[PDB]
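**Q** Residue-level listing of the chains:
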Amino acid sequence: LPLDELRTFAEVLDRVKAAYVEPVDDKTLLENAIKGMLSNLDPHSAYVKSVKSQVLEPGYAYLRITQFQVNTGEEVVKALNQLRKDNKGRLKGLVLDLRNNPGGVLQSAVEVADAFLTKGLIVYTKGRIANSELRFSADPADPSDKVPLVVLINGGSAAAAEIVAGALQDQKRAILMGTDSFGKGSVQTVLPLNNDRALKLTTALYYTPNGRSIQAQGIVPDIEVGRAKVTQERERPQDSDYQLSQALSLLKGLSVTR
Amino acid sequence: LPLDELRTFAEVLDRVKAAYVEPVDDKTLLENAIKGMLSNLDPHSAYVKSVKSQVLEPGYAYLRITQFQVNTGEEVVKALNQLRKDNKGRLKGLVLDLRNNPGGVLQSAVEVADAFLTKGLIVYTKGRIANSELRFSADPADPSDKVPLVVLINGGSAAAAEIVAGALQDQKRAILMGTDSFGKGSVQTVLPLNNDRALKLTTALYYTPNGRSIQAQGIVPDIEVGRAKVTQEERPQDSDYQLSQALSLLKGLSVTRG
Amino acid sequence: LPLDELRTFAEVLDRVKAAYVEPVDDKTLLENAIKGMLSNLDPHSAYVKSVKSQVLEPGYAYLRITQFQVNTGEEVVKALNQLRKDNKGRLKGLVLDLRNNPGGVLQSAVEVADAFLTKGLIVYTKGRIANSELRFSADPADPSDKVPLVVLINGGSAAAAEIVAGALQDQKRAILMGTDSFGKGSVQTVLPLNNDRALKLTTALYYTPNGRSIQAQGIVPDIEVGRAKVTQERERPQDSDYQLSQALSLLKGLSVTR
Amino acid sequence: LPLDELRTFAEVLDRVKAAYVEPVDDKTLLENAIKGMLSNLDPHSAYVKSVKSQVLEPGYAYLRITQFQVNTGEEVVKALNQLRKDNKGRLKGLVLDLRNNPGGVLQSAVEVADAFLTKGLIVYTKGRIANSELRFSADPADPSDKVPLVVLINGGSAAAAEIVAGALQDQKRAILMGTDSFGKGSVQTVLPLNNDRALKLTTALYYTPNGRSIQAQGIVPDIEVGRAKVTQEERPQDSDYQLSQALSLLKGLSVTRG
Amino acid sequence: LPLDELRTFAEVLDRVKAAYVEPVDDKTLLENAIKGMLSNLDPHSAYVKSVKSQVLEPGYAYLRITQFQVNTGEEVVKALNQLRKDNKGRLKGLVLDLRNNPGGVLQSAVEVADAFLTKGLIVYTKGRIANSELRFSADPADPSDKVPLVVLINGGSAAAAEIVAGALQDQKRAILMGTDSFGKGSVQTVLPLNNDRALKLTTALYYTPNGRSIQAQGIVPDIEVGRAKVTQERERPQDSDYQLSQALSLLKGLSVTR
Amino acid sequence: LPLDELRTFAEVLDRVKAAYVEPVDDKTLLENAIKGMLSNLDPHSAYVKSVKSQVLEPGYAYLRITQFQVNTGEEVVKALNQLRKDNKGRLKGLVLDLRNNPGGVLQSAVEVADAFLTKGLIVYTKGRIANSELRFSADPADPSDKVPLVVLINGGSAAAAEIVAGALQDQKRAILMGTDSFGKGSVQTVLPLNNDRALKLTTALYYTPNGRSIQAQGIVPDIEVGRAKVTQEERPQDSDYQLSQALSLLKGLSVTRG
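Protein chains in written order, with full-length UniProt numbering: chain A, 41 to 87, 191 to 377, 411 to 434; chain B, 41 to 87, 191 to 376, 411 to 435; chain C, 41 to 87, 191 to 377, 411 to 434; chain D, 41 to 87, 191 to 376, 411 to 435; chain E, 41 to 87, 191 to 377, 411 to 434; chain F, 41 to 87, 191 to 376, 411 to 435.
Quick list of in silico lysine to any residue cross-link-like pairs, SDA-like style, CA-CA up to 20 Å:
(1) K75/B to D54/A
(2) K343/E to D66/F
(3) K372/B to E376/C
(4) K343/C to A59/D
(5) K75/C to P83/D
(6) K57/C to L81/D
(7) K57/E to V330/F
(8) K269/A to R55/B
(9) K57/D to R47/C
(10) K75/C to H84/D
(11) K372/D to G369/E
(12) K428/A to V432/F
(13) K269/C to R355/C
(14) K327/E to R355/E
(15) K269/F to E62/E
(16) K235/F to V363/A
(17) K327/C to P83/C
(18) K75/B to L342/A
(19) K57/B to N274/A
(20) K372/E to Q375/D
(21) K315/A to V432/F
(22) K57/A to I272/B
(23) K57/A to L43/B
(24) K57/E to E276/F
(25) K428/A to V368/F
(26) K75/F to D44/E
(27) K343/F to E62/E
(28) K269/E to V64/F
(29) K67/C to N80/D
(30) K343/F to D66/E
(31) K327/D to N80/D
(32) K67/A to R55/B
(33) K75/A to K67/B
(34) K75/C to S85/D
(35) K315/C to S431/B
(36) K75/C to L81/D
(37) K372/B to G369/C
(38) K57/A to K75/B
None of these hints come from the bench; they were simulated from the model.
Isolated chain A, as found in the complex:
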């Protein structure tokens, strides 16, 4: 309690209480001060099929995560086995479509990452609270069978999708291609107050295994690919999707080289 800065604050409040057109009591002024202090501090502070899979070409398959629900992990692993069965053999390449993914259940994201990782860190949260610092490590099981995969990210890829993509990139397990990410990582917790009300505050932030903050740096793809049209000068979705076709061709070339 500074008291002198509180004097300045109360003086401004009294001037407002005196001059404003419509009369205002002390309580509404205090509440507006609180709401604005939170608004000025942090914008987030206050006071259905998940997975679709398909074998797009012989040897090369496509797995899209529309959203991160609770069942999402089991569904991605189910789809992995299903794609292995559809190709009637081991897969030559996989495309993770994580674009247009707002986020969702963090644990489901970590288990989706666990389908591709056998060791190492996945994501960790850092803040100044005791119960904020949280680490997540990969289990020694990956239903992916080390399949080479390229992950697609758009601007509308945020939160859990961004966590998954950053984990897969920092582990050098996947090729990230597409445009940059929404760059938002935060964990708002609701804190209780002695008054009969509570306040929501960002208490910590997500960090990828390397250590880059998702909130600030975002996730930068290893290959930048904007939407574009190719003109030759000589179901099947890649005939209409430029980014998916590019990912498919990159996987094909990687398989040929290897």
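Start from chain A and add chains B, C, D, E and F according to the hints.
**A** For chains B, C, D, E and F alone, kept in the frame of chain A given last:
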């Protein structure tokens, strides 16, 4: 300063100071509380020839108010007399173009309105500061000579333009045509503080003779006419839809009134 | 009988009778002289549902007179009552469509005018014959119930339509809008001759209640409205007809003002 | 002047003088009777290098008559001999372009026709005035050397052009191609009157050797070919449809005639 | 046998036999020398309804020869009688469509020509072999009944079609129109060798009745007509075919003249 | 010269000399036999800065071979070192642009290939002439520093370009991308004759280290990528499809190889 609720405010502030991700000192929190208390209360709170006239048709004339400057009143009356000289007789109809008018000198606004009014109120402000209340009533002289007029108002007509239009409508002196108005009918005074700083606060707001606040209600035209361009298959009504509509209304009103 | 001018005429006739390629007798030359004297004097001299009504909008109705037949008057009055019944109340505005109206029975036109007029003159014919001068006055009954109406006139509006429009305008009962009128008013009578034949001659002309000749001045609308297209910069026939939409909007504005 | 029918005429004139709306004196009525007697009888009654030639193909040549001037005959014969020199031998076919030819000097027309005729009539006029009859017969010399020719006639070919074309057709000397002709085959003489004025009257009209009047029948081509433009996927037949048709007809006629 | 030139040849052959990359024996070198000697000498040397007829307009008929098969002659004569029966009278004009005709049986071509010819030569082959010189004369029977005909030839008109067209043109029996001909006339005979193989050689060439070689000069139409579109400035196939329409109009004009 | 088959050849030649339409002497037949024996055997038989480099992205560089001149080797090594200096460190990927390369100095080709190879064969020629066999093996120095590279080949890449590309592919040193190559892998020597004339004969042909003939097989790229243009919605990969594909393949290969 009621210390009992000050306990609640300081406790909320301390909880925020404790929980936020990146540390923030007391000074920035208090400053943001001030800025938000002003911001949450009021969006306005913080811490060229004026008139051009023309006779559109024999008997029907057009008077445009680009802006409200000091010369505006004198120029409006000069233009009124000049238009009476142009038609070589009394006018059958007049159009006040108050569209695209941000406002200007309030006294010039009351002078423009007073050119059309012989009695009654023009505008009055209401607020809680000592010397804010100012009323404006019409003097018993109108250079308009009781000509029937249509006033055109769009969205980009605010402040003094809205005072003039609202006075003309509530006094049942003119017919308002066009779309709705901006609705900026508030006055902001700069108040000084014991600290070497000041705050802008709305201290009063404008009211039309009826009693309707311009700040909220704005001024709603009697006939809604959106902007459009007419193409026949100088004379501005041949190109301006709203002006053509007002002119035709005045002509029909004159014919019926025989 | 000038005799000397007849000498000149007979001399020219004899020269023609002598020199022309194919021989011509005196009779055909005389007949051609007559036909040309009439042709040179006056071009008019020689020798099916009528009414459709509809309530276009709540309060505002539309009455078109395709042509002036004998039943036309009773049909317009029938339609007046029918439109009053359709609106389930008194009418706010009416549009008389008299454009594309060649004319027809004069008495039917005068009775159509009588549906809107309670007193005063309607039309009068003037000529130099005893039985040519004819006056027509309004009866004290108007099924219109003083409804404000706008009358539409095109270039193809002539004869009885022009009489109706001129009567309604000079009585200051209707608003005439659209383009100018065919400007034709005449009354050709057939006159008998001692020879077994007759000649048709314009014997008199129509005059509106004011006294303007319809044949020369035509009928000038109070508001000139050519065909045009409006472009917004933000059954139901007026959505396709520009003149009808303009008349509707003028009636709406007049109702709002009144 | 048969006074008995003059009674009928004067009585009709007096009835008209009595009945017409605006009064008219006897003089204007008599003058209009004169003007109409002439007008109703006859529409014509009231009160640059000439030739260009070219050899289109080896053996086939083209001769155009822009107008009929005095030099026209000499120039046509000069062009005939010159075209024989151009082909270095007798011609297989010739095209007379008489299209877009208003007419001109009649004697030049008979000279142009006489360049193709060795015997028979060319043109003769019939009328009822003393010295009108003029006949034109061919002399036993033709510089054309009996070359088969097609003559082209359009609507804008009148008077002397039609005389030439009709002579060539009725003498079975040429094949006419194109559309129909104007049909202006009448001569107007100015006749003087005892009054200081005169009248234009058609005094005779032209007749082709067959006996058909040019004024009414015109000249109808043996082959109807409308105007058109051909575009291949100088040589004017490559651009002119009618000329190309005439040229191809001449070529085929030459091949068959072997 | 020059022996010295054979020495030069054998010396070049031995140099080739020694230096070439892949080893080659004497036999393949000799065979390649033979094949190239023939290739360098002459490109041709080495080592289904036929007829469709229709009466296109009253009096004017169309006969197309798709190809020259054995039955072709009887079929053209059958079609001649059929067209005479269809028109219900003698024919005014006929169009032979020989364009897009590769050729075929020579005898069938000569009999097709015999349907239009009553005397004279048709085609004769000239070469330096005893049994090569061959003449073909017309029989005194023509089922055409002397009908005037125009023959159409394109660039893709060769061999027997070209023979027919040349015969009809040189006899001055038909009008050839269209573009030039493939210009190919040859008769390759297979000659036997003492070795168990044979060689095909052009042994003679075709000549039209005039004597022009078909192989070199080709067949030049009397009227050149490329594909084009006509634009008026005022089943039935000729409405779509320019060349056929031109041939039809030429036949019509020829009939009118005759 | 085996006279027994010479009998067959001379007999065939005499039969041709006898049967052909136009007479031909023995000399022209023998000359054509020579020209065809060479022509039927072999189509080739009868009787500017070289390198430009650029670093496309941090770590990834581009080296283009316009042509194979003498300076080419020195310039390629200079550019390699310069690109290492440009990236300020070892390169992650390199692109050899061998497209649109006709060939050039063979020794420069072996020098360009030797800049990437440390051991093994580069190219060897096989033929039947005494001094044709020339082999080229790599020296144990490679200025490339084992950088992974993709080589681009199109159809217009022949001769030395194909030698370089084939060496790089068969040594499993580079990944070939693009379309197939020209396939011109043959050497022509001019051989002199006892007559004052000479013959061009292919004396040997090129072979890649695997043993595949370049003349027939050409060089088939490991990844087929046709030419195309990309348009985003200097940096040449932003405009070149094949180069962009190679760059993205190199980037993905680098990420996987971590």
